[PDB]
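For reference, the chain that follows is the form deposited in one PDB entry, supplied as structure tokens.
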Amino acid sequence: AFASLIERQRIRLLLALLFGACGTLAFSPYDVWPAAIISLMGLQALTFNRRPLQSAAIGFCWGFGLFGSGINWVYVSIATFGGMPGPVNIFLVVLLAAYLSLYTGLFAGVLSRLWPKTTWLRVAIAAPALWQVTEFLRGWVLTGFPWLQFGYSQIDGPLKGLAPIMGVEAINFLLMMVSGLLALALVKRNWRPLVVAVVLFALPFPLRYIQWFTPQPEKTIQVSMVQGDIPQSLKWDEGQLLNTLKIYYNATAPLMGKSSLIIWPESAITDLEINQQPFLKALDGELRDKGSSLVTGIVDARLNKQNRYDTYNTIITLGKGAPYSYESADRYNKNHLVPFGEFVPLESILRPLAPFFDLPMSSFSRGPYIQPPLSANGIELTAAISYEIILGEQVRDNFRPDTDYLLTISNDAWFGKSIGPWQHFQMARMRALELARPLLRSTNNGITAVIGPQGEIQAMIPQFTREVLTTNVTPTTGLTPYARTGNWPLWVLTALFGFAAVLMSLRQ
């Protein structure tokens, strides 16, 4: 009796959660990319033949089914490092999933208000355009949080070659268009939208065999990222500062003279750069003598015009090809700070409330949006500290044509053994794919890997293990169409589809 059961409001809301939860089965840990299409079909099929205010509830439940069932490793960072009652920890995660679901409830509500009837216009020209706008708002409002975008799920899939041409957000655009036409063919029991939903999904397949980069087997350095595996509950303690420096230095010494580039995780030196001055100067001379360059994440307290200490999450460079100096330009201050982890809203009421809102060294300051690429031993590194690697447009803007490797240092020790480090790792692979540059990802204990110029994992060391990822990586030169253009060509298509769909909605 499913013919009349589907029309009930409650049955569609509960089906929204199941199709919403099926979305998380497309990301890095469970890499079933078909689950991205099935989940998106549920968002569009379940909102068919619904009033505008009823589709918003369905869209909210689909979002809550995806962002509370696939973004819940935030609970690990709350229940293990912030001191709060258990119900309070659950409430924040639920609130985060509820907040992120508004931009999906907004999508479905507007979609069923301007395009009530179910047709190819609603699913293929209206939904992809409105999905881009609502996804953009989720990634722009309150500093944004562009997590769980189905474009990242196609890192190893048919829609792989589309990212180098128009970016990851184009895969989000195409997945929504294909899924909508796929759900239209199922609800209306038609076959013409099914054929279109296959042609649009098979045309970008040959694009994955096009290489926009020319590899250079001449600058083949031997990079070696040192995974310190420093516990997060002890990383910023005073008594661990001497120990953590010894752990990294001892592993770095055999690498000197044989590894051209050595990379340490984010905030590897937990002390202020001005405080740890003699250690860096002594380390710089040893690295330069043997012919090795070190890239390190450190905390800085650079002075400002107002003579106020503005703490920055920086990257310093030492050794050959980049002499270390406190006034050197080979730095990278972190720009997009993580909310509630690096900055606290208004820093006035929330911080005294709970220890979670007052984390060790969580009063950072933003840096310039565009910064020069790091230079180390004659290679240009485009840095992106941790969270910044998920921001495709910010990385592209800093991406100079002379960049040899994409650099990313992260500290994923917060999110336990959960799927958070993997989802973050999958997004980092997308940057290498669309910019056609090798990605040298280094983490405290997370997934340390050398992503190839196509999103392939050239090397990786086991997680939660204090190891060193010594490997040979060949830099690539060449500009992808995404690097040369960016997000504007997609927004023209969004505006072209959005303006050609709103007018056809006001016509009737």
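Positions refer to the first chain, counted from 1. Shifts are known only where both forms have a C-alpha. Whichever C-alpha set is largest while still superposing within 1.5 Å between the two forms counts as the rigid core. What changes on going to the form deposited in another entry:
Among the residues 358, 397, 237, 289, the single one whose Cα moves by at least 2 Å between the two forms, once the core is superposed, is 358. Once both forms are fitted on their rigid core, the CA atom of residue 306 lies less than 2 Å apart between the two forms. Taking 2 Å as the criterion, residue 347 counts as shifted between the two forms: its C-alpha moves by at least this amount when the rigid core is aligned. Once the rigid core is aligned, the segments that move between the two forms, defined as three or more consecutive common residues whose C-alpha shifts all reach 2 Å, run 233-235, 344-362.
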Second form
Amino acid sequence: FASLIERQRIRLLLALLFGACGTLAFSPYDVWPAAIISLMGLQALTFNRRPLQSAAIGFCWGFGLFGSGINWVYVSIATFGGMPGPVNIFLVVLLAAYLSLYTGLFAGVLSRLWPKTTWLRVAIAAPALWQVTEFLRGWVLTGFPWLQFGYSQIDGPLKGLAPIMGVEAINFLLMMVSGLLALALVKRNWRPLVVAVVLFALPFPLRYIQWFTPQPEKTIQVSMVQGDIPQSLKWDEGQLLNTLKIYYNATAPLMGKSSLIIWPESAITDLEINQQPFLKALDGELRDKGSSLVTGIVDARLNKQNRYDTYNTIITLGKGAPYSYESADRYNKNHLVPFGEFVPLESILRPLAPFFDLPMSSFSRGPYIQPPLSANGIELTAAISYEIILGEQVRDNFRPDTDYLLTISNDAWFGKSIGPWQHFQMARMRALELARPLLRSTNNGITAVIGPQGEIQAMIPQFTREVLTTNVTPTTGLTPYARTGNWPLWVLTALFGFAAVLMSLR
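Structure of the form deposited in another entry, given the form deposited in one PDB entry:
Just this one chain is shown here; partners and other molecules are left out.
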């Protein structure tokens, strides 16, 4: 049994098993210790492997993590994309394989510069190189920072580290802690595990410090509405009036009683200019009662060059924010979803390979930093769906005078899969590091109110048409992550990178 692990093909098979165990740590399978096992399974099979041989181990580990965690993408591709089954499976495998290069790149470089299995490789070299490769996965071709082992600790021992340096600190720390556990197992030494136990127990008290301050006499009654609208590519024509009637009939009783009313992404499945009387009259009704509505709409502004820019807008109506087509209380989606809203790199792919379905018209991008939306005297930092998994853009748009965090989204393409849950967990992450309540409204998704510590305050069942009426108290105060950002971690990464690379160049 000891003579079988040294085989290369045995290492690859175990990489799939240990890689797949990582997906059992996210929201649908709330098992946080399944991330340490996956990480310690990564930097324990790569031990005593020459370069270009441990990269295959890392690639297979990544293929087992992104091939079993990111597989809900098949639901959206098969159901809506007009492509045959073999092509649909091919794209999911290709996406898993592509995301596995960064894991493969991490292993091929870790075992090249640091071949010997020592504490320098696992405690120092691995977390610094892991953070760099994770950044590259989240930066190349607009990135895809999905399935990061820092969101699994939203309710865990390491949740206190999120307000200090962000989610990436948990990813950095878990790789360091998991590596020492792997070093202890392989080398049969109690020192690596003793250090790992102490290192893992240090951030536990950090979850009992409240950087925020709840404000009792400023609370409102949010009334986020879950449409349960069936999905379509063209959004249909007759169904345009039905969805407007569904939201309006489910909102009119909520007016007056509720201060803020929130609708999901693309709640109005039409261009903003096309429905002016509906919005102007609705704003008048809300203003006369004392409620403000925040809804996601698609607007095609006319640029100074006489070319339309189809933004993904979040308009605000009602009391405290009168609606006007020239108003500044709008949010335009900056980071578009690859292959869903825009082609990451066209003119080399669209004419070359028209067999794969691509969107004929692509959305435009808004400013990177935008002021918080004003709604009935409340400042909200919007983040449309995919933008909530980006911990940097949300922090940059965040301001001290921000009351709530908005996560207008529509994860109805993926059906009953685990994608909506994993997205919900990442959205839940951007409420503990910023210490602001998060108001997430979705269509056929997890419509919930997240507290200032990544805690689910109120929630409604998925795939049903319901309104989530609850009281939310705004919080004040700045976390160390909000005040500084992600640069304190990159200083630590640079210092560890400088220290580790110098040791590899004796």
